[PDB]
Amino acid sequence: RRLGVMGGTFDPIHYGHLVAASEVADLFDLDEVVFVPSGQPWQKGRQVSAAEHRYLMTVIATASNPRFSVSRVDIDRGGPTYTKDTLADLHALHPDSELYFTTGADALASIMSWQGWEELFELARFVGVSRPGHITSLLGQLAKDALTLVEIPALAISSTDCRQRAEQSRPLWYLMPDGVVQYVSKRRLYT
């Protein structure tokens, strides 16, 4: 049994993320993908939206898919979110599943540089998903089958662009599910 673990802040989630999870599930024959919204990033950058907003947008976006679910392990843990804690928690909850941790390739590079990965690679296989656009030699240096990079055209859609459109009152329709568009608007998330 194989379980995908889609980590991110999901601020907001959009169709790029959903396509990514669907394609990774297909490529690696995953039985389910669990979306795990981050609790509080250690990574330097923008202040993220309140955790319950990012959780609810992720539930709304994934509800209709019988093979997707959403986990609160990172939001409920307390303190900053580390990938190794996420995988430990999910390994305990799903003891017989091989874990496939999936996130944006850039984000994954930062995790590996800052946190290291010998312990991470013992816990899960890793998949970095990248927007359309020497690194192979580097990938050959890594443990066999430990890390795969996958290009997803739909990741031309970005959370940054979605937030900027919302701030500028430009339409979000068809970049993300209807329910997420309306949740963003009626809770006034990105003004």
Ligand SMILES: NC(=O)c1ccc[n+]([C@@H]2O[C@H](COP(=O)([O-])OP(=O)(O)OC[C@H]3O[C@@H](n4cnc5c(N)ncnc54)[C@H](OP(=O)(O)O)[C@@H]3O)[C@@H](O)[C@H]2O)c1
Second form
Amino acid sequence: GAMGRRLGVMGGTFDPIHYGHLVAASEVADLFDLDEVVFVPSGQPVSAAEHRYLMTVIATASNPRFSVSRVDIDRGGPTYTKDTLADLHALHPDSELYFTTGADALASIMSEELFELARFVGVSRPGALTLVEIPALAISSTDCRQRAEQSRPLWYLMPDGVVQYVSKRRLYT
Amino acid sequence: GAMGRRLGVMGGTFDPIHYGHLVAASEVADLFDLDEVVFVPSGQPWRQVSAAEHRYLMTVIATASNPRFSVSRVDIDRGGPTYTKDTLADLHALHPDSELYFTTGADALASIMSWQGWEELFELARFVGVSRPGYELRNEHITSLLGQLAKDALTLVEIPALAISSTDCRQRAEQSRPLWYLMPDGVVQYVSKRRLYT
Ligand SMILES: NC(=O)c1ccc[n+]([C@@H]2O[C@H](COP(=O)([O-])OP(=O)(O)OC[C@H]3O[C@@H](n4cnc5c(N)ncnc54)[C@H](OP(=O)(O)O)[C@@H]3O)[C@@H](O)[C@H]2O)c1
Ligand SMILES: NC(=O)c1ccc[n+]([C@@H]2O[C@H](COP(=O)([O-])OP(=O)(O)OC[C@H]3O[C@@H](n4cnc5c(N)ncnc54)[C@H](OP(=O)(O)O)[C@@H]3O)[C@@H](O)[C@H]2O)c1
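Let me have the form solved in complex with the named molecule next, following on from the form deposited without the named molecule.
Complete assembly follows, chain above in first position.
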């Protein structure tokens, strides 16, 4: 990008992924001049990992600057962000890494050397380490699961392909 | 539908249309058992908006894939300032056997409720005010007006996705910031190709 090789790392459970996440990634990419945003579904932080992976693949497929990595899922065991960053650094060693996730998740992970590996960006609804406010994050995976539980439509909260994956695999019923 | 023939009427300026609007229409359709939602881009405002045809076309682009959404020209072709009374009369004439459910933003519905002659609107349609998070009615006259209304005549529904606003979209466009995932791809491209907020 304009500020050198930079890579977003969008950590999350994504159960399900939705337009709030996609908007957040898109915004964070623009603000920090990122070349790409790798979505990394957590292995073990909840639907099976293959579902969360495929929903993320379906959702990001059409964007040339988004991709999905299985590094946390394929590692096995609990998911640590130091391992995610190590793996992604090994793949893109000439890029500066920008780890992006929900601000609340980011408030907990800091319970040290993580800052040697990456810059951290916390996203939330409004109200080194940077906080970015995203109005579309009023959409949440919790509402999405409840709507699916109650048989209410998910249209326009997420890509059609993800609306259909959730319905076809009966994910939250 | 499950409670009879019902048509959603989704009234707005739509400058631009966004996923908020589309989520709102989809949710109200489900909540009120509506067979169809007709989007009605507004004509002249009561303020500078993009030309009516742009707003018409973004709305067509955005609703095309949905079998239950359509777009009407009745307000853009009437001319003068848009009165929802005229919208409803026109749509009533066109869909004589449907109960109409006029749906718009809660703040706009309050303005409609402030207009002299509001009573005759409820002879033509039921009303749904869609609000975003943090919405509060701060009008004691309008609050008392709600008590004049029959059961199910007016319903308020909070839609988290209406945090996305047309005002924020126009600002993002003005600031060369991406609109991806706030609105359908076709609408992002329309805005860019017609250079709407430059
Ligand atoms: N020890 C560790 O290294 C450790 C510990 C905890 C978390 N983490 C990491 O933190 C990340 C987040 O974990 P999680 O999703 O399981 O947290 P979570 O507890 O499921 O969610 C916390 C909040 O963050 C939001 N959120 C999560 N991921 C997001 C994203 N990428 N973009 C925007 N909002 C997002 C959530 O909204 P939605 O529900 O709508 O997504 C929710 O409001 C993962 O990469 C995980 O590996 C690491
Ligand atoms: N006296 C009258 O009969 C009278 C007077 C005024 C308006 N109206 C009618 O009221 C409707 C709204 O007018 P407008 O768009 O010009 O109002 P507006 O002032 O531009 O909108 C006020 C608020 O309502 C939201 N909103 C508008 N239409 C919406 C919709 N269909 N669904 C969800 N949120 C919506 C707006 O969000 P966004 O910016 O994101 O859309 C904004 O937060 C139109 O059909 C208009 O003809 C009638």
